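Got a structure here, written out as structure tokens. Questions coming.
What you see is part of a larger complex, with each chain still in position.
The letters A and B name the chains in turn, as written, and every chain counts its residues from 1.
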Amino acid sequence: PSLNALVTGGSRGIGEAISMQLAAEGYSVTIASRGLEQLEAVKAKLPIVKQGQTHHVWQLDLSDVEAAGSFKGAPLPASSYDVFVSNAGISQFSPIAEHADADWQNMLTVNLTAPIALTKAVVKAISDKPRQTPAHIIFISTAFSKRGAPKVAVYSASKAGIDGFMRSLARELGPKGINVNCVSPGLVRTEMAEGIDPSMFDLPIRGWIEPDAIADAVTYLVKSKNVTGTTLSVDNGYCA
Amino acid sequence: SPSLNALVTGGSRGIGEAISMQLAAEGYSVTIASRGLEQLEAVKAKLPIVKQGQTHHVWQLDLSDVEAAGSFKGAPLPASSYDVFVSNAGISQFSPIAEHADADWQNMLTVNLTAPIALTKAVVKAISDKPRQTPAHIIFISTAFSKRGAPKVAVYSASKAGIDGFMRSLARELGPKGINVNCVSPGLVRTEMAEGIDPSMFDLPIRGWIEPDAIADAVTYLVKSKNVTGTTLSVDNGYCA
């Protein structure tokens, strides 16, 4: 039977790479994002490999914390999902002093407040249901949230808060058959790079990290049942 | 031979009280900030004066107004006056995240992380380019639960781990600008934090409550230091061990 996976920020880059690999592993993938034009493009490319495997669009504004919390516009209930990948992701590069309040508070809503809400809703729905395999809550964090860089203060903070969430949730929901983990990318070839670039950091492993490599980690986790409370750093040796 | 100014959010009781006292005992001109003006004046009255030039202040500030925190609405002093800012204001809520009231945790998020970001920005916008013999100190009070997860305290841990994150980046951004940035991470301390939860309920290497004074010892040590930045001091009875 085709398990249901929710992947926020599934429109592009890492979320796409994730949604694809999950579809490829027989999962029914709901992607959630602002861009509908974009969702549909991506919906058609998701492999259908297992019979009964349907995919879904969710148009969702990632800064709407009541909508996320109330599953406003979701094609399926929160009770459905056996997997939730929190990849909702905006990054902003400014010195704290220059960093506009509209920006960093929006970032901090999108990267953390909405995820919490969305997570709450899911965990409410799926805690008491039976299952032989654990269900999976997996947050896409960032390398930056463990080792500090200049000019990514509020960004780092939003995703260190995520790391803190997962750690506690992992201990809270482990007896409920819910595994909770982060995957922590380093610098990836995407739309999370304006000024900032690999070269500006002396990496043990030079160059960009591709999305599909971030996905591999998600795929590994989803398939696991002994991994909770952990971060899987795919960061070319950034935090080493 | 001057008296430097210290700002200390949540200075009206508990950890922030113990810190403010010790700071004032070391000759800082402590401003305390919090919601309840009556409780403020009582601690201001309590703060020691051991130095001509030393002069303590109160700041009525609601911790959940970010415009207010951000702008310095109500401040005794200028932002640039501060050589030491201790972000100690926090809210703690024990709940299975399934029945965690939206308004409670969103509010706790604001108090714990959002507002301190805005306030921390004001202070940094002000004190960045200032000259100074020795370095300026931003010190957040996080919590042990930010580092080792615990059940039924997700959003709490999130907010304070969020702080840990902020401070790591800031330590890196503001090192050259002469500001050191660190966290002190208290465990269970004898205050009005959450409640119901006893030191019995975890397997602590050191049994018992932590006394708020002990936390202040960490802040005092940090503020007296030069080469410490990006670090958490854990005073947690070995909880994170």
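Note that contacts are C-beta pairs under 8 Å (C-beta built on N, C-alpha and C of every residue); 3 or more make two chains touch, one makes a residue touch a chain.
The total count of identical chains across the complete complex in this file is 4, with 2 shown in place.
By definition in this document, only the chains that are shown with their structure count from here on.
Chain contact summary for the complex, chain A toward chain B: residues 65-66, 69, 95-97, 99, 101, 104-105, 108, 112-113, 116-117, 119-120, 123-124, 127, 144-172, 229.
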